[PDB]
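Next up is one chain by itself, shown in structure tokens, the form solved without the named molecule.
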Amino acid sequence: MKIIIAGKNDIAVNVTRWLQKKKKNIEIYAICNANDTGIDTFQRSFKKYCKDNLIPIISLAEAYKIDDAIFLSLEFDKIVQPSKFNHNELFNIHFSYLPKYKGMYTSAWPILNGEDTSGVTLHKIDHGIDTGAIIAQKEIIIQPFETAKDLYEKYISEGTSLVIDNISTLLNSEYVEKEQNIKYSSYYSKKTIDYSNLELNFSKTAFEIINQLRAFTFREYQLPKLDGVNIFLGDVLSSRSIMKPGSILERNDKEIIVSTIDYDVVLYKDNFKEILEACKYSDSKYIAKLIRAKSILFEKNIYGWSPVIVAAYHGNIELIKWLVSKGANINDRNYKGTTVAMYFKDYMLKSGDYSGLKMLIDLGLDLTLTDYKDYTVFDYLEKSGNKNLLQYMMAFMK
């Protein structure tokens, strides 16, 4: 049978990849979003993927004319008109637990509002915005540390899983739907946040303010700013200044302390670039000092280089171990899919120091992984003619 996948980012890519794997009998057509540049960024380009995999890319107007297909929307950017199809097998993943948080910026609004939870919802496309009947959902816990970016990445992951768990019933017409309730229904348009003019509001509680920081913390788009200085999270003090809300109590190199309606807050200056530079050659002890919010250790620059990737490229094995102890992914990837192991290989090759591989492997380092060109570390070693190092690396795999 046939499926049209309409949308973007790792959710479209990964739903597609699964289909090519487990449903090879299925003709796939793609619709891409107007702003998919064709180049991989912090999310994969769906357009790139479809080109690289000979998946035909069509228009929505063309998709309307395909019979005996289902249609599946995944962060799609176009209004879909149900009457224009010759069927009603029209499905969307929305990044909320409907009926709450219809519309936009669902990575921010639940955080701003102090929600503990959100979700992803599979539903029918009807004539309105995220109004159609619910087929499946999955609740997501928002952790107190988590940013809008963390929550978006959870949406992407949980949304992928929910499709995968339901896509057979979508293909079989063996699914059940239920109309959305009136009660609790909520919606935010794009007018509700003006990302070109964000401003922290300190006439609020400390809880609210920290939730502002979190909601606006999505590095590839922006960081919250106080007085032009970029902030990466904050914490609540027990202190309660009688200075009017917004008054800056202290300023140092690492932080700004501000008066609120209730408890003082400390806003950490974003020092990610500096942290990343230190990852080349410093140890544990130095990095632990630079750090304020722990999750800053999992951020990435514009190439997708994290702390643990930089450490790997420079053979900083003591730091790699500490980072992984803190939550870092031993198999982290840049935006081309290049893995920690590949970067470590570069170090081994340069230094002639092979000795640290065993320890990384015991931390979970995976030599089988492929980048987005379908190459393993061994592909690169074969190409560069480094057969002895290739054999050496294979000898430690388990």
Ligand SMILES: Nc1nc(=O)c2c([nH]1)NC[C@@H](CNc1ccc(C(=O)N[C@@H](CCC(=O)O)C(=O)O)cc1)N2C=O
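Rigid core: the largest C-alpha set superposing within 1.5 Å between the two forms. Numbering follows the first chain given and starts at 1. What changes on going to the form deposited with the named molecule bound:
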Second form
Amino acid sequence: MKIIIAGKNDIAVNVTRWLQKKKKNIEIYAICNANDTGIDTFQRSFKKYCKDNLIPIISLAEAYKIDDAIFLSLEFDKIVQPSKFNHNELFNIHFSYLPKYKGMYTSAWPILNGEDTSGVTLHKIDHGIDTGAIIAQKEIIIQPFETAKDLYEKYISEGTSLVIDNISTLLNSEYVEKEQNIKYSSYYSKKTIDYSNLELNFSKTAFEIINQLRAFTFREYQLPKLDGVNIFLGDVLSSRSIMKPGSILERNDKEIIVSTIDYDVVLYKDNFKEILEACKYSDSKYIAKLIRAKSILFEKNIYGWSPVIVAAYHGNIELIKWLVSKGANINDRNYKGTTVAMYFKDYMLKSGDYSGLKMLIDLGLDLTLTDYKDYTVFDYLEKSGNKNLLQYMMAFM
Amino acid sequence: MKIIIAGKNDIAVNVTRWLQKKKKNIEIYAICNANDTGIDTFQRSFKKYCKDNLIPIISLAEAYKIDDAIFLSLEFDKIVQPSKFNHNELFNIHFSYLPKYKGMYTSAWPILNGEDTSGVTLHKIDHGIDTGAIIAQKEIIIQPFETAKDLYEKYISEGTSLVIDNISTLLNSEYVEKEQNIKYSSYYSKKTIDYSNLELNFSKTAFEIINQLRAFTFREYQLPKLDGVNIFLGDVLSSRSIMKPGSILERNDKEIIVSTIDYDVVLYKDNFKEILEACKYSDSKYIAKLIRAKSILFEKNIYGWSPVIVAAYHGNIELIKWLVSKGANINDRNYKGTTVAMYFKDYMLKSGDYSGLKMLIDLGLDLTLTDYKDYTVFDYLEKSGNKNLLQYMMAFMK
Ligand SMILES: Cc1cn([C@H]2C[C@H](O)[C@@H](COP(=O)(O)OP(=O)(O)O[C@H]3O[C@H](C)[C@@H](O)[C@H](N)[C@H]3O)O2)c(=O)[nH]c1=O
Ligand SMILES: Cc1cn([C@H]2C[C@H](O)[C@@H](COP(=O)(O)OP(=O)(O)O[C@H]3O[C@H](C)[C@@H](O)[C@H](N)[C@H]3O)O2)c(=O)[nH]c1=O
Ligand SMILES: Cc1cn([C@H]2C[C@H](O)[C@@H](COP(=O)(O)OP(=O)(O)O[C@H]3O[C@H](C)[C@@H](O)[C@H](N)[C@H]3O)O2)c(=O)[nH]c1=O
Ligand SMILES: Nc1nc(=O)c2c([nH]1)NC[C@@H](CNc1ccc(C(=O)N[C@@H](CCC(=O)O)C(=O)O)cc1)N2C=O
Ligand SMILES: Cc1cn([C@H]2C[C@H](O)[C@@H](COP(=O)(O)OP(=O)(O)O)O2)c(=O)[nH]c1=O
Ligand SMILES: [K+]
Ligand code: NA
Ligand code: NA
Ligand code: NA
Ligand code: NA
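Same protein, the form deposited with the named molecule bound this time rather than the form solved without the named molecule?
Zooming out: every chain and molecule, the one shown earlier first.
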């Protein structure tokens, strides 16, 4: 009944928070990665979560001496001496389908290499990097429209789940170790991609080039650029410019068209900011005309505001309905964990118009959700003494 | 009526040969690569071949102007601008299973990526590099141990066959085309590997690093190095050393063991030349000791002498038998087409010891083969006046 969670970001926090609610008797210790500066971004800080839940934050030296613990690495950044532990209960979540794509930038390389699938892998920590034996594995399908950001989010959801599904095997040490194949194993270092001098390579096929776009589309770090201008995805055209690859063929307000090894490509200029503004008040027929790629309906600005969030804070229900039919999350959250329902609560208070709630509820809105300060929409309504809207909302429970 | 054959190496030569025997009627024009100096090497010079067979050599500019000729490009080094022709009977043999591995280094990249198979592809020349419609294809097994060179040699062989299997349908407009899929498409430029500063990268899996050695093992151009020391393959150990990958563990004279991302690997130093000299006169026993990577027994130096060839010239019969049991080719040739049976005949002349011939015939030695001058071993003995050894060798041929 002891566990050491060593790692970072949302998966570290999700697994930890699951444990606290569902196995309240377990003692939890944490180790944080070097560059966890204790501040939330588009990723939760695990250091911050741990300080706020009174989870003692230990070091690796101390971890070696805590004999009855299991040691769970959720993207931990430091090599560990597996034999130094007095037990063998040492696990790691790796964001790939091992033995492929060991190492770095696993939301990028599978896409770059034109993979259809990737995965998450729960394995033993061994003397190899990402090389210890497999315990549990999840194949993830990458969709042709999906970016690095989209795939990373799958890694988060699916890795969290993978841990939770297997948590008892781990806790009881009743799991089977199957050793990794050497065959088709791959590894990429941090040197494989220079994200500080990121340049698209057009001396490639059009298939490859779109796959670069997809792969490098991870807004919160960067977007790919063509001539100082951000791009959000692209498509293959039927034309084949004789121009040397890289040559810009046309240039207009919506796009750039380039010569590749084979088929020409359209790079769509990023209009995410325009779209998000429009979402305050535009109908879906107008918004649909603005979209050149589906994935952009689910992007977020620096606060974590998505199209569905903006639309909810402005009571733009007709648009919310459409967005959800395009696959948006009716319970989308910002980087404080603030839910769509919380944004709409604000619209309901500001407008006095409460009737739309049932519409959102029927779209899957969940009022029981808690933000990162652990407050529900009902809590906020009490703090602030808006008893009428509170009673109205309560009636749905 | 007419056919333009554009390219280099054994593929250009063998396809051109084939057309000359099996299609004398057809006029042949030839275009050559910039790096074909007219000197044979590990591949033949198409230019030398064309000069010696009085095949006219033309330029690509001149070929653009030749209507009612088929155009076939075989490891050609120039962009063919297809609309510059006034017809559309434009064909290329590419050394990949298209649309994978378009462009360059098709002997290295697939191995580097850990592929089981590659291919040769016969297609139309269209707009784009290796993009035109597929006519015929052959899948090719890459064996786990084979080098880039071995892979290249299969490309040359299988490419030649695919052209030969389909060349009539090209001449007679009876072929079919399927457009290439976009999906799974790849291209590698000349920049994708810098042979000049070829460096090994141990920041990789063992599998990847052995695949690195394989892909960089093309001796006539280079072998991989390590601290400047040439390397002939390696194996995957079971040790998982904690030293940051690239860290050289043990040096001896046979090998250097290295730290990887996962398992350590033994690189084997290139002693090939040492093996070649020892093959003159030493026995199975001494060579088996010299040998780490078995397939080093099938390497050739820049004239095409392998272990069996050197062994045959010095009548090292027991060494020959052992080498064949390892998988050497009993009729192995150098780069002038000179066969084992030719090297042996020189031993037979010097030693007067003819007795080992029967043993060789029974391993498959073939006395009917010709070199590139088109002489059998018989023709050489008859020219030099050795009627005796001539008739002896004839008595034993099958
Ligand atoms: C989506 C959106 C939000 N806002 C305002 C409303 C919000 O109070 C402020 C900061 O946004 P936030 O940081 O996303 O809000 P936070 O996560 O602090 O949540 C707070 O504000 C929301 C509206 C409340 O339901 C919640 N209970 C508060 O904690 O920006 C706008 O002005 N326009 C918008 O489109
Ligand atoms: C230049 C070079 C090549 N190689 C290997 C890798 C390569 O696949 C093989 C043959 O080399 P090449 O003849 O220079 O041409 P390559 O394989 O790059 O083929 C390309 O160029 C020719 C001219 C095209 O018609 C062909 N379709 C292309 O694939 O030898 C080396 O190992 N070291 C080298 O320095
Ligand atoms: C294999 C070998 C050959 N030699 C000699 C003998 C040979 O004539 C000369 C050049 O080698 P080569 O270029 O491989 O031979 P080439 O293709 O010129 O064929 C000639 O010499 C051989 C031995 C004759 O059977 C043949 N009939 C000749 O055309 O080098 C050696 O000195 N040491 C060797 O280990
Ligand atoms: N023994 C062990 N094996 C593991 O698989 C593992 C641990 N420890 N500890 C936690 C986590 C740590 N994983 C890693 C993985 C890569 C690097 C690393 O330094 N990579 C660099 C340099 C590679 C090199 O030295 O060439 C890179 O650029 O990739 C460090 C820690 N982990 C499992 O997640
Ligand atoms: C660091 C970095 C990552 N990425 C992408 C590819 C990664 O698989 C994904 C997740 O990165 P993350 O796990 O946050 O960082 P790192 O791999 O450096 O520890 O983010 C970028 O697009 N740009 C960047 O600068
Ligand atoms: K501490
Ligand atoms: Na990097
Ligand atoms: Na082009
Ligand atoms: Na190069
Ligand atoms: Na190592």
